[PDB]
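Residues per chain, in single letters:
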Amino acid sequence: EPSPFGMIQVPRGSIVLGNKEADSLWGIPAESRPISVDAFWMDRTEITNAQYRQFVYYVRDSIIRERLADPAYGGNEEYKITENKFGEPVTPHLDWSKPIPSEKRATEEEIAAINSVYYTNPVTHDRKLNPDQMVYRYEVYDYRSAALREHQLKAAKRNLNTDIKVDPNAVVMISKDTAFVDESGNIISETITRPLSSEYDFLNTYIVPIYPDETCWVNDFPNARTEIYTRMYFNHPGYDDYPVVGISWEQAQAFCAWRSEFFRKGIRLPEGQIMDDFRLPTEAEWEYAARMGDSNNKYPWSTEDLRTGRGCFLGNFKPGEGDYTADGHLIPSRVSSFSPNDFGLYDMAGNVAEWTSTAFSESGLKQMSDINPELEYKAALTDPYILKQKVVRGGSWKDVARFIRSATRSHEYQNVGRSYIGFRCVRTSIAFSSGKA
Amino acid sequence: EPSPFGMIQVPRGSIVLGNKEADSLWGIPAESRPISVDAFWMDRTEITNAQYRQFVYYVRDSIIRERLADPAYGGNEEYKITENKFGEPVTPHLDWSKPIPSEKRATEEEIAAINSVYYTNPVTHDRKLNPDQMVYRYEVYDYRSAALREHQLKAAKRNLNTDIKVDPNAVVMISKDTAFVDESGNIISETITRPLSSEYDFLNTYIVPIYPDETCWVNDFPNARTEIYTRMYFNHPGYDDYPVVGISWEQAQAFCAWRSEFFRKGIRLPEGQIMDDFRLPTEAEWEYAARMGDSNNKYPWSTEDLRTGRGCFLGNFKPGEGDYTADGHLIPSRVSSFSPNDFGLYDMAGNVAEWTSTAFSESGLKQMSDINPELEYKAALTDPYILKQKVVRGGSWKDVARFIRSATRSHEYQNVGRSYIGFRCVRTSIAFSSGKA
Amino acid sequence: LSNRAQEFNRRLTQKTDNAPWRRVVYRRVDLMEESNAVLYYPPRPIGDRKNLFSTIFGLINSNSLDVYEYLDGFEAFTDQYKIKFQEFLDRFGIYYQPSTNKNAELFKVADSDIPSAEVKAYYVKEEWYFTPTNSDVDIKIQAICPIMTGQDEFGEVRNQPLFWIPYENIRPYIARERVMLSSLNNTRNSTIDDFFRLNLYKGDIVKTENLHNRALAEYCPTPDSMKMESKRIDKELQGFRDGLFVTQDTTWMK
Amino acid sequence: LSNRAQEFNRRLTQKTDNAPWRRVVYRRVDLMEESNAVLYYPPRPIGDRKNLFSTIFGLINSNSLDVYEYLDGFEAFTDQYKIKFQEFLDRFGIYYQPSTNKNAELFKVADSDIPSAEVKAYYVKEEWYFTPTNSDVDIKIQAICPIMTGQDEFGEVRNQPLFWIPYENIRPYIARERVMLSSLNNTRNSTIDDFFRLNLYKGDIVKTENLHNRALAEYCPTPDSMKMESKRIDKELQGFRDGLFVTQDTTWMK
Ligand SMILES: *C1O[C@H](CO)[C@@H](O[C@@H]2O[C@@H](C)[C@H](O)[C@@H](O)[C@H]2O)[C@H](O)[C@@H]1O[C@H]1O[C@H](C(=O)O)[C@@H](O[C@@H]2O[C@H](CO)[C@@H](O[C@H]3O[C@@H](C)[C@@H](O[C@@H]4O[C@H](CO)[C@H](O)[C@H](O[C@@H]5O[C@H](CO)[C@H](O)[C@H](O)[C@H]5NC(C)=O)[C@H]4NC(C)=O)[C@@H](O)[C@@H]3O)[C@H](O)[C@H]2O)[C@H](O)[C@H]1O
Ligand SMILES: *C1O[C@H](CO)[C@@H](O[C@@H]2O[C@@H](C)[C@H](O)[C@@H](O)[C@H]2O)[C@H](O)[C@@H]1O[C@H]1O[C@H](C(=O)O)[C@@H](O[C@@H]2O[C@H](CO)[C@@H](O[C@H]3O[C@@H](C)[C@@H](O[C@@H]4O[C@H](CO)[C@H](O)[C@H](O[C@@H]5O[C@H](CO)[C@H](O)[C@H](O)[C@H]5NC(C)=O)[C@H]4NC(C)=O)[C@@H](O)[C@@H]3O)[C@H](O)[C@H]2O)[C@H](O)[C@H]1O
Ligand SMILES: *[C@H]1O[C@H](CO)[C@@H](O[C@@H]2O[C@@H](C)[C@H](O)[C@@H](O)[C@H]2O)[C@H](O)[C@@H]1O[C@H]1O[C@H](C(=O)O)[C@@H](O[C@@H]2O[C@H](CO)[C@@H](O[C@H]3O[C@@H](C)[C@@H](O[C@@H]4O[C@H](CO)[C@H](O)[C@H](O[C@@H]5O[C@H](CO)[C@H](O)[C@H](O)[C@H]5NC(C)=O)[C@H]4NC(C)=O)[C@@H](O)[C@@H]3O)[C@H](O)[C@H]2O)[C@H](O)[C@H]1O
Ligand SMILES: *[C@H]1O[C@H](CO)[C@@H](O[C@@H]2O[C@@H](C)[C@H](O)[C@@H](O)[C@H]2O)[C@H](O)[C@@H]1O[C@H]1O[C@H](C(=O)O)[C@@H](O[C@@H]2O[C@H](CO)[C@@H](O[C@H]3O[C@@H](C)[C@@H](O[C@@H]4O[C@H](CO)[C@H](O)[C@H](O[C@@H]5O[C@H](CO)[C@H](O)[C@H](O)[C@H]5NC(C)=O)[C@H]4NC(C)=O)[C@@H](O)[C@@H]3O)[C@H](O)[C@H]2O)[C@H](O)[C@H]1O
Ligand SMILES: *[C@H]1O[C@H](CO)[C@@H](O)[C@H](O)[C@@H]1O
Ligand SMILES: *[C@H]1O[C@H](CO)[C@@H](O)[C@H](O)[C@@H]1O
Ligand SMILES: [Ca+2]
Ligand SMILES: [Ca+2]
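Protein chains in written order, with PDB author numbering: chain B, 45 to 481; chain B', 45 to 481; chain A, 50 to 303; chain A', 50 to 303. A prime marks a further copy of an entry chain.
Don't take every hint at face value.
[Claimed, not checked] Below are the DSSO-like pairs computed for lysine-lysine, each with C-alpha atoms no more than 27 Å apart in a straight line: (1) B:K124 with B':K148; (2) B:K124 with B:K309; (3) B':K209 with A:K64; (4) A:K64 with A:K174; (5) A':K174 with B:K410; (6) A':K157 with B:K410; (7) A:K251 with A:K189; (8) B:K198 with B':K422; (9) B':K198 with A:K64; (10) A:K251 with B':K410; (11) A':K189 with A':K157; (12) A':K64 with B:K220; (13) A':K157 with A':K133; (14) B':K309 with B':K64; (15) B':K64 with A:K280; (16) B':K422 with B':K201; (17) B':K124 with B':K309.
[Claimed, not checked] Some chain A' residues near chain B', calculated using beta-carbon distances under 8 Å: (18) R60; (19) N183; (20) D185; (21) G292.
Derived by calculation from the structure, the hints in this document are not laboratory data. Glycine included, each C-beta is placed from N, C-alpha and C at the ideal position.
Using the sequences and the hints, build the whole thing.
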């Protein structure tokens, strides 16, 4: 079995998915409805700085590979040209079996190509990766919207009710967002509302910068000093087993897509065929994996209190008023620091709040289905900023015990990336469990 | 004795065929009337993805056989031409003793003919079977309507009451639906209302696409993610012992006809002569085979409760509100998973609701006969969509315990195929049981 | 309308001409009961929320329906014995004001002119008939009355039977309208044809086709006499059905 | 407005046409209760602090909304049955003084001319419907009334129902306004569309779509009869939901 490393197979089950009683002081309705979910693989630890650093190393590698591949910036022309071994004129997108670029010794053109994406500080003389030139380009296929009845290719197949004759000139409007790159280098993302004509109307290409917003440590924390945080939270070698923060939702999707690509490239297996890839966890999936699929589990630990028998704290949230370090940690602590739930998920409620796929609508629970429910809203460009609000769940280090309870929805804008928003890459498990419970 | 594999010989008997007491909350009359049925062979397991995959493999085989048989697409001209061995000028419909087409190595024309019915994704580069070119063509004979008094060939034989003289110019209207194929490839199904002139007026030819509607997993489940279901429910090699879903009623009839054809071709037996073929089970036949032919059996298990002594659940229905997996399975589970009834029928009430031949009329029970009753309505083209409503029975995974009770009629359109509608192929048994009960 | 539809309908008819039982019984059923109360809808069409009286009135107004009249004691269904719409309107002095459509209709429906709201009971003629082939007791409906249950000073029913609707003629115009049936479900899943065919008009028997051609009124004038006679007829038909039972002593207990 | 927004909205609609439950129930909900009291805002726009009546009035005034009228016992939603703003204004003698804008609107909002302050209850039509796919009991809102709860000499409600607002038509003009919900939070985080969709209009049932087309007033005139009938309907729907429970005896105690 594949059984990806760092994953945990959470089985299928059901959860009440909410809280019945409502905090009158908070003044919320506290709406809930039961929901059942299937089995899937969830990574035990929030994606740390090490994994996202591997992702940015990969994207930097191919970025400079492409730059050196340009004839104007080195012209190595490795690629793969016609008559590849057994006369194969394959498309030369990029070559990755070429010798690794060598630091120190190189030609002037190769050094220039490598430094084209690096950034040196005029006043500090520190060289790092360019935030606006660390861009990841990927493609996703809208499988769910491609199989819809009204979105079928043949017009006569769009309505199975034979009472009304199908008009061949059906006016149906499709959506597609495919950020394309221009000659000036200013990556422009556009939406297209052309009428449904072919299968290409169901593939979305996304090119997005993926370097984390370190400045998040400063923008949302005024009148506080975080120089020791925004400077090298990512860059510190010792900050490897700590969850990454500042990731935008778009960058979260990009990284999950990259993880899917890496899984597909490695471990060649024709038997997998259409085997499922990685994605962000859904709201219902996340909550079910959190509360153990038990109604009585307010938090992702067996007991109902946030203190153990000896008074120790579980999860590095904010215990008391202005008491961020009462549990023992101030900033997002290292992963697997506290005692995990027996489901196998570390820091399930705590550390950094989690990105989740389903778009927040304040209807939410009472508007999705009952089997693997989720809301999909790939809002594009000229939409109100309110609709671009992906929901988040988990409770972070800054949030009080009220927000550490798993059954608490919270707003989040997909564009922004804050210093308290981690994320997980989750995959769907095709498991033939015999049941027999 | 033939005794087909995977079949169970349910004997003759009688059933109350309904429920006397009515749920006042549901507000239904709950009408019932006793009905007796004969013995027949019913397949213990719902027809799985493996069997329908065998059917689609067969239809794909002869499809490409015909395409390669065309002179323009390979011109192999195997067929069977005049002077067959002992000078037999038989009709060359198709040759099936020819060497199997070989993958990888072939001529260009053969590869083109094979790929003429395959479909490759422009954006995904995945090759599968074309849903609109996996068409099965068969013929059925309306034996019941051919033997009717008013439908007899001779006019003088249409009325045995000699008081009124028979008019030779009798104006009787017949019905016949024979989808014919055109040069453009757009298969057109038509109905003909020509006056009764010959025996051909009683044979119905049907050409229908048979590839299951995988998109059913998406169309009837909005605001839920089923990418892991519609993508490879059929295509996954591990999903072999799971019942097939999304089958339209027309495709159900086509597959049962194909099973009859396979049974006729194999096991050469001139003694069979007019031995009965496969069909869909009737409403009364299905219910009698479900409730064991016992009035007190509300469900197809001996006890009246849905839980065993240890609390285990029988049948993968929806036990609780939003609790699809309380029994242990979320989607249609594998066949024979639960304890079968002693009649020998697996998942009798549960898993996927069953296609049945009798057309729903909301009169139903109080409008059919008492011996092997069933309603036949082969509605054709220009009819209201309401009349094209084949009844279904069994209760599916999504339906609550109320619909898992066998004595519950439910609507279903013959054209549509949902993710919760399986079916069975049932045959009539000519059994000379001595009785002596 | 379609050829297959006509074939199915013909195969659906109950061919009762040679059966050793043809008990024709007349039943008055009260709409006050929840079962029969599907006939208390607003007279106006307003889409599809109509009772029986409204649609029969609409059909007879357009001359697309053939119907017969009453006889005050007898029920003769003859071609020459045809109800005249002039006699229908002069029953309560309804004006004519002929319409310009002519072919479509001759009299315009004057909104609430039809007494749909004040009809409170239905007369039905049901023929319980044996079958010479499958030996199942069944019922065949052929005639009904929307009895004009008026309200005079003393509250008497003061019934004036408008006319006699043959079920075979109205069946095509009832098999399409599929109004809601039971209040606790409020679902549009059963047609009114299903309501009649399924024998849900639970009421009380007024009189059978006796040799004396009498009625329950000839008995004791007290209403309890009507109730006891209706229950007597009901249990006598139930006993007729029970007389074919050959499945006694199935307890198997010692 | 955007194509993706329209696609999401279409995917968000509750397609209820074939469901074996369509119980339509009419509920009167009192704004005096803290739950429903989101409808006691000043009539003037003053930015976004508006109640329902104010925004419906503003939308119908500009002729950007299509709405229907009352029927005093029945509820027929027909295209020809359209409420006329002349009938709206003559209900209380509101002057015309037509504006020069014309296309923008024909009648100027006369500040406190709308009776936003004196409306104290809401009528709602909610259709509890089963689902043929996921078997979850749900609700679909289609119609409401801002009943004119006037104050006469004896304090009677003296209701004059102004008109019938279809929810589908007002939904686009409600999904944007996101007024505050609960006083103990005073946060602008939920739209009024979320208020209706989440079933927070806790009130009492006035009458269902019964076969007799009756109301709770036909019962005992005492208000306790209304309370007991409303609670009876509520527990009957609760029992309908409970009838699908198959999870009994989960205590596992000895
Ligand atoms: C987001 O969208 C951006 C704007 O579109 C795009 O940016 C653009 O590209 C950047 C790289 C660059 O910076 C700028 O150019 C920028 O503007 C981004 O890349 C990104 O694109 C993504 O979505 C696009 C979209 O859908 O909008 C995708 O574009 C699609 O590309 C396909 C492949 O090129 C197109 O497919 C075929 O479509 C037909 C019409 C072809 O036209 C000819 O038609 C004749 C008549 O039939 C010929 O007979 C022949 O027909 C086709 O033949 C091929 C053979 O393989 C087909 O398989 C079919 O047999 C047949 N097609 C039909 C009609 O059935 C065609 N002759 C040719 C030239 O081959 C032709 O146009 C394409 O082959 C698709 O239409 C198009 O939407 C983009 O791929 C994706 O990355
Ligand atoms: C659904 O219906 C579609 C439309 O009909 C049809 O599509 C068409 O075919 C597609 C393949 C193609 O895409 C297009 O052409 C398309 O339009 C579908 O295939 C499908 O058809 C199915 O139902 C059809 C239907 O009934 O509508 C069937 O058609 C029937 O075919 C039979 C065989 O061809 C016909 O039988 C015979 O009928 C008689 C009239 C023959 O005409 C001549 O009559 C003369 C005078 O008697 C001659 O003496 C001689 O008489 C007959 O001789 C033969 C000898 O074998 C008979 O056995 C009898 O002795 C005698 N018949 C009589 C009158 O008693 C005949 N000479 C000839 C030419 O042999 C002749 O027309 C047929 O032999 C039948 O009439 C016809 O309805 C279809 O088979 C089925 O698949
Ligand atoms: C690095 O990343 C940067 C961020 O994204 C990016 O920067 C962007 O572009 C800059 C120009 C710009 O300055 C930036 O601002 C930014 O926009 C960089 O450009 C760079 O990314 C780019 O290059 C990558 C790279 O090449 O490393 C691209 O990723 C690769 O894409 C390939 C295709 O797009 C993937 O290959 C898959 O699809 C095909 C091509 C397979 O490859 C071979 O195909 C042959 C036929 O053409 C063979 O038949 C064989 O295909 C087999 O076919 C069978 C069926 O017959 C199977 O179905 C499979 O398809 C396949 N089987 C297998 C397992 O091999 C293949 N074999 C050969 C001969 O190699 C296949 O290998 C892959 O499925 C590739 O995996 C992927 O790494 C990146 O897209 C691009 O942006
Ligand atoms: C594959 O399936 C696709 C989906 O249906 C189909 O695609 C369609 O057509 C495409 C052109 C189009 O592109 C598509 O869109 C779609 O419309 C494909 O075309 C393809 O199906 C087609 O070919 C099949 C095939 O040939 O494999 C056809 O199925 C076969 O049909 C035959 C007849 O229609 C069946 O044969 C039976 O009937 C006769 C012919 C028997 O065969 C021989 O007959 C001889 C005389 O002519 C001999 O006498 C002997 O007959 C014996 O006679 C005695 C009495 O004397 C007995 O009664 C029996 O009839 C028989 N005895 C026995 C047991 O042999 C037979 N012997 C010889 C010499 O072979 C007989 O074998 C069969 O009863 C055949 O079984 C069946 O597989 C398919 O109809 C067609 O659509
Ligand atoms: C919670 O709050 C309610 C009012 O919202 C009060 O009854 C009390 O404060 C309760 O604890
Ligand atoms: C079933 O429902 C009836 C009314 O339909 C009531 O008498 C009671 O609720 C019963 O259990
Ligand atoms: Ca902490
Ligand atoms: Ca189940």
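Straight-line alpha-carbon gap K198 (chain B) to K422 (chain B'), limit 27 Å: holds, 26 Å
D185 (chain A') as chain B' interface residue, shortest Cβ-Cβ below 8 Å: At about 7 Å, which falls below the 8 Å cut-off, the nearest Cβ of chain B' leaves the hint on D185 (chain A') intact, so it holds.
Straight-line alpha-carbon gap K124 (chain B') to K309 (chain B'), limit 27 Å: holds, 18 Å
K64 (chain A') paired with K220 (chain B) [C-alpha distance capped at 27 Å]: Answer holds: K64 (chain A') to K220 (chain B) is near 26 Å, not above 27 Å.
27 Å limit on alpha-carbon distance, applied to hinted pair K157 (chain A') and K133 (chain A'): Between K157 (chain A') and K133 (chain A') the Cα gap is close to 16 Å, so the pair holds against 27 Å.
Pair hint outcome, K209 (chain B') versus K64 (chain A) [Cα-Cα no greater than 27 Å]: OK: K209 (chain B') and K64 (chain A) at ~21 Å, within 27 Å.
Pair hint outcome, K251 (chain A) versus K189 (chain A) [Cα-Cα no greater than 27 Å]: holds, 15 Å
Given hint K157 (chain A') paired with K189 (chain A') - CA-CA distance at most 27 Å: Roughly 34 Å separates the two Cα atoms, so the pair is violated.
Supplied contact hint for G292 (chain A'), tested at 8 Å Cβ to chain B': holds, 6 Å
Agreement of hint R60 (chain A') with chain B' interface, Cβ distance less than 8 Å: OK, holds: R60 (chain A') within 8 Å of chain B', min 5 Å.
Pair hint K422 (chain B') and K201 (chain B'), alpha-carbon separation not exceeding 27 Å: holds, 26 Å
Given hint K64 (chain B') paired with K309 (chain B') - CA-CA distance at most 27 Å: With a Cα-Cα distance of about 46 Å, the restraint between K309 (chain B') and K64 (chain B') is violated, given a limit of 27 Å.
In terms of the numbered hints stated before, the structure departs from hints 6, 11 and 14, listed from lowest to highest.
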